[PDB]
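Number of protein chains: 2
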Amino acid sequence: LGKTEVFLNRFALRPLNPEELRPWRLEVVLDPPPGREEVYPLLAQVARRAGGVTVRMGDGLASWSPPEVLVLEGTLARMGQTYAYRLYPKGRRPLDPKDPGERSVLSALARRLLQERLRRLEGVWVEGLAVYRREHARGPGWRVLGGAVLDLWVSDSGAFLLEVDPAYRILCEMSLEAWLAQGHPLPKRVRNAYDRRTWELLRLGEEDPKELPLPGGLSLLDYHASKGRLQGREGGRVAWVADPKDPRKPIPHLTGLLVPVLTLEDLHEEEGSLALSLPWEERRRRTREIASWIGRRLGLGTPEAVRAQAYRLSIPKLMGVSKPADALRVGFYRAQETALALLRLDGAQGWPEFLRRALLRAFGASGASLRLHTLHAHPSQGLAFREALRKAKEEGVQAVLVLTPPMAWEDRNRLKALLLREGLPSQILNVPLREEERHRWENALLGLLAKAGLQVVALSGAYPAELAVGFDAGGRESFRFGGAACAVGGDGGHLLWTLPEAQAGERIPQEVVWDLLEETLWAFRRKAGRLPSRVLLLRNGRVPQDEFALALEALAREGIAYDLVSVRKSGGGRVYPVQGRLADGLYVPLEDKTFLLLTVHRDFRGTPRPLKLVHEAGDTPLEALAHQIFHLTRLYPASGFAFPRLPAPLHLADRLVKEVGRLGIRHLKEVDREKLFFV
Amino acid sequence: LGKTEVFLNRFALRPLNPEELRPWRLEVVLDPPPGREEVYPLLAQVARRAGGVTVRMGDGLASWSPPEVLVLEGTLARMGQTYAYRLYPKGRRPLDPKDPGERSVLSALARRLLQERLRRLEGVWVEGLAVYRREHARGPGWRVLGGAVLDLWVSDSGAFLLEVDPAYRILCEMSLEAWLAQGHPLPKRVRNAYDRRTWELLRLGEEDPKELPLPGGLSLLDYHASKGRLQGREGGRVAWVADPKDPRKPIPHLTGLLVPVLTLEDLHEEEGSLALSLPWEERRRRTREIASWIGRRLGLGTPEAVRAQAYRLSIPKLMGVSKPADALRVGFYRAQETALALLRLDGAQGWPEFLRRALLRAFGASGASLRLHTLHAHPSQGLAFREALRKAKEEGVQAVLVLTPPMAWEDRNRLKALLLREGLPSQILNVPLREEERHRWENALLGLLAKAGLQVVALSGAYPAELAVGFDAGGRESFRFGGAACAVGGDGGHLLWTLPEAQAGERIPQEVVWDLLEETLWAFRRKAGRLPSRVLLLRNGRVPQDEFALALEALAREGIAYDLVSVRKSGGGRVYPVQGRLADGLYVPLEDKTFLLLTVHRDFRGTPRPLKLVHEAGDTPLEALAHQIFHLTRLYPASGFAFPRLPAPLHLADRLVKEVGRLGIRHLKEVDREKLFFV
DNA sequence: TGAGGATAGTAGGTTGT
DNA sequence: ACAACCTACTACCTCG
DNA sequence: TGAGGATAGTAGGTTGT
DNA sequence: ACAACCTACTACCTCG
Ligand SMILES: [Mg+2]
Ligand SMILES: [Mg+2]
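Chains as they are written, first to last, in the authors' numbering: chain A, 4 to 323, 327 to 685; chain B, 4 to 323, 327 to 685.
Please keep in mind that the hints were generated in silico from the structure rather than gathered at the bench.
A hint or two may mislead.
The list makes no distinction among identical chains, and a pair is therefore deemed to hold if it is satisfied within one copy or across any two copies.
With a straight-line cut-off of 27 Å between C-alpha atoms, the simulated DSS-like cross-links for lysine-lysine are [claimed, not checked]:
| id | residue 1 | residue 2 |
| --- | --- | --- |
| 1 | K664 | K675 |
| 2 | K399 | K533 |
| 3 | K252 | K329 |
| 4 | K93 | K230 |
| 5 | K93 | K575 |
| 6 | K399 | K675 |
| 7 | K397 | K191 |
| 8 | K248 | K191 |
| 9 | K533 | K397 |
| 10 | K533 | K320 |
| 11 | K533 | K675 |
Could you build the full structure based on these sequences and the hints that come with them?
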């Protein structure tokens, strides 16, 4: 295909002198000894109380600072039991940089080296591994300061590596009554002047704090005064705050002692649009700069921006198209005779003429007969909705649209719960709505359309796989949801999903994971007529150890090839063009069976965040994976102009679980897996 | 109805003297003060380090011991942050016994008083609030010492209340090598001689402990000798134990230092398998006895066994019948034209024509046609099962039957996962069945036939509700499943179930709770032709506060009456007939709106465990609820001779969640709610 | 509930030595 | 602890 | 994987002051 | 903690 070289935010630092290679090690002995469950954290707690630049190593600690300056004896409380530890030093033994586990110690030694160095400079703001040396913009109340997040680790080469990404931070120092005093609206949240605890503001209130009632038989002005908060400051106006953990019940508070906590929505009254989002040319300009400023401070030598070769993936064409929205009026890759319905409580309304026209123009271009219909909804008793479903059943229903005043989630889901029971997919455009914002109706329908298959574009390129499936965990924080979406066809794709299953954790049961992948193998021969030669195995996030083991074997037994790749948004740094403009689609090899892949980038959203991908299993070339993987990004049909960063099975998959974890799956029998009901 | 009086295991004790009403209270002050997350547990830790007879009382402790003997200053570590506490006494102040919260403290005071008294007597075995004074049965290795579980609480009346239930304990004092020495099979589990930790036993290889190799530069024999456990014992034969938490991989160990942990399976070789379950007339005899022995030790005067008035409930004329097995030969309350299929991997070639005969006759006495088809299944590819369900679907598969060599749970569930995928209920009987021993086949299929939807029996009685629904939380330990089952007609019963939904806790979402009850209200009038005038609201376990609030309101809105009751398996009672024989069905009003209900009892399976029931909401009489409740006990089809203790919606529900919790929910799309697939 | 991303921001979780 | 990843909210932004 | 219950036994969890 | 309740295993038992 094609090629360009890319800078990376990583930097090249000094090769490690010997006295770093050889850390003093200290054997830990502690009373009472701890059962293995508590041992790794007890040691880390020891690494911090011992002090110095020390980190746990195995059943002992390693330390770049000599034992003569470490606190070798003391006490620590972990869980309930309280322990005393002692440390018995030993002469230092070199550590192998090739050995992962010993470089894990020289990496941690490097993290804690860099961090110790950061405290000792002033006047700088340091927040863990993030440093903030400059001042982006100033307001009377506030300032926002600037800098980057750092990391200093050790490579296999035995040299120090530096990672820089610029990040900003907002600093409000005014009280709540002064911030209000400039006629600015109340902040979403708010913090005690005297401490960390953060409230959530509700209303200003009227009462006189000298006269207000407290359960204590004390007064608001008095209670705070007793506790001595208001020697520095004067309380003034009475605020009503409420705890985020439990919003009920409102708790009284004096504004003079609350501090607003600002966001861009509070900052934008004072600064219009403040570019916290950095344009790639400036981000890359700050990264190089700041890294020099570290290196001039650190003494690890001058950094040489690490460069990686890179390759431009072939542009992927949706078809009938440059953006799916362009496709909406004209012919879809596929079209089917279809029916749709309208129901809502403005109330009440009629279907307007403009919506139909768009549907007609597209049906007209493609050549497929279009229907539309009406429905009328009673929500207080709710009985009819089923009766509708039977009438909605024929002919036809394949997706449904609603518009109402926007609802509180508790009300929004409860209506989405009652919606699904009768087997209806649904989409909302909050109203009132106008032709004035076209996009809110163009994409709110483009989602309804996929909500009856399909508004699809499918690739025309040549790809080694001919079936793609996506897996992730989503849903309540307490336990997760494993589900899966799928892409049918090597050249002409199709979109469908699999009911997810409840597990206690991120790990997906091996037995299930294969079961769903199997459920997508049934799909290929549903019309494909044969077993797909090769299937594509992506994973959202990390891939757990051998979670696929059952699944990949069971492919081989049934005669199907495969490749397995990890997709993680979080890892993988940043990618800058060594010369020239930036480009929307890229592959960088990096090392071995891992590569970075840039699925999306616009000149105006800021610097793009590139995917890190490892080839976990399978034989196909990395470039081949990128070549399909990049094109896969485009196929999403509920985004008329924006392309998810995750290819649709993962992205579709992300939606599927999250909606499933907010909605539930109780009522989802009647709904088809043709629907693509989440969007 | 009918009438008899009953004793209760509770005992009348002394009215509290004043010096017990008036406990000393101590106010707590602790540095640092804790957030309210940690305040109740920190105070309890305080009441425990303070010593004496002390318990938490809100902001401060309360104490039956004078401060002058309490430890008023010390340290305590909770959650990894240590605290010093001080206590300041404040005279004493009487506590109201009518106030629940102050009697909660006097109840706690009573608990810790009883417990402090139990330690000070000898030679008794005391295990928390459980005490063991006499020796039931001796083996050369073991003893099974006996006694009762107690509790001592304060009444609204102001007098101490005593609850006694006799319980036994098995204490084995001898090493693993000697217990094997008497030619007895290896216990399922085993414990360290030198400590609490217990292992799970596996095998004992031939390795010679003097030369077996430890992961360290050590040897099994030499290892334990290093730690000096061998001073009082000899190691002898090598054992191979395995950790329960992670069974792989086997861990080596010396039998001379392990101790078998015996159950009634291991005592049964020695003791003619004596069953710890007492006969009701001995257990009753022990309760009175033991309470006297306590009472003569306690100094609260003499206990008077508390009696409660009691009434005999209606005997269900299940139809029609005396036992649902009786129904099997005769006509079912609802025979329907029906089909069955057969598959197995034993593999027996064929259907054996003794089972068929029984099926035909009942369908030939009722007058209902029937068929039994055949199936053949390939498990290596499994594709065919899909072709079977299409054949099976028409017209033969109402329910299915398999028989297979005993399956590990991993393999057992994995096959049942496959079973559902094609919407196939299933029932196993292991190979090898022998016709001669009927019950395993007679009930194995009474489970398969209700898995077709015949309702074997229904009552003839007159009941105030005409629809009964059951709710429980069931599933994995980490997160729970909420499901519901129901009974269609008061006069004539039907059995069906509702899909379950996944939650993080015992609380079932009001929005789901009502949604399910609504799904059983939708069901009733599928053929009822009316709204049910009254519906029955039972709950498994406690009813969380206001879980039902949305549900009960939404009833009253749609014109339906209701009554609400809490059913607690472990709700506390034991009931004894003051005179005469014990009987199967009973109702006792307790002073509160709650009542005890004895759903099942057999003269041979021990003292029965009666149900505690509160009337939470509604207006029907307690007797009426019991009167319906006790009959619903029997409706369960799937037990040929034995009647569940929970009425079938609750019981069916428990089974419903549990299978869902291990099987899953994802495969089960096709299966009908008709099926009753779990059993 | 309009879509996507990338900014700060909240308040966390799991996996695996 | 800890690392490298995930979770699910709100609130800027402009429309390949 | 035979049904239920009641015995001991394991190894825990939730809810609500 | 703590209480009063639940959870899901195995292993006796005999067939309302
Ligand atoms: Mg978005
Ligand atoms: Mg049983």
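Verification of the hints:
Taking identical chains as interchangeable, the C-alpha atoms of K664 and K675 lie at most 27 Å apart whether they share a chain (18 Å) or sit on different chains (20 Å). For a Cα distance limit of 27 Å, the shortest separation of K399 from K533 qualifies both inside one copy, at 24 Å, and across copies, at 22 Å. Taking identical chains as interchangeable, the C-alpha atoms of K252 and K329 are never at most 27 Å apart, the minima being 49 Å within one chain and 56 Å between chains. For a Cα distance limit of 27 Å, the shortest separation of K93 from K230 across copies, 25 Å, qualifies, whereas the shortest one inside one copy, 51 Å, does not.
In this assembly of identical chains, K93 and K575 lie within 27 Å of each other by CA distance neither inside one copy nor across copies; the values are 42 Å within and 61 Å between. In this homomeric assembly, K399 and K675 come within 27 Å of each other (Cα to Cα) both inside a single copy, at 14 Å, and across copies, at 18 Å. Taking the shortest alpha-carbon separations for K397 and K191, neither the intra-copy value of 46 Å nor the inter-copy value of 62 Å comes in at or below 27 Å. With identical chains, the CA atoms of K248 and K191 are at most 27 Å apart within one copy only, with a shortest distance of 15 Å there and 47 Å across copies.
Within a single copy, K533 and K397 get their C-alpha atoms only as close as 29 Å, which misses the 27 Å cut-off; across copies the closest is 21 Å, which meets it. For the homomeric pair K533 and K320, the shortest alpha-carbon distance inside one copy (24 Å) is at most 27 Å, but the shortest distance between copies (56 Å) is not. In the homo-oligomer, the alpha carbons of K533 and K675 lie at most 27 Å apart both inside one protomer (23 Å) and across protomers (22 Å), since each shortest distance falls under that limit.
Taken one by one, the earlier hints fail for this structure at numbers 3, 5, 7, listed in ascending order.
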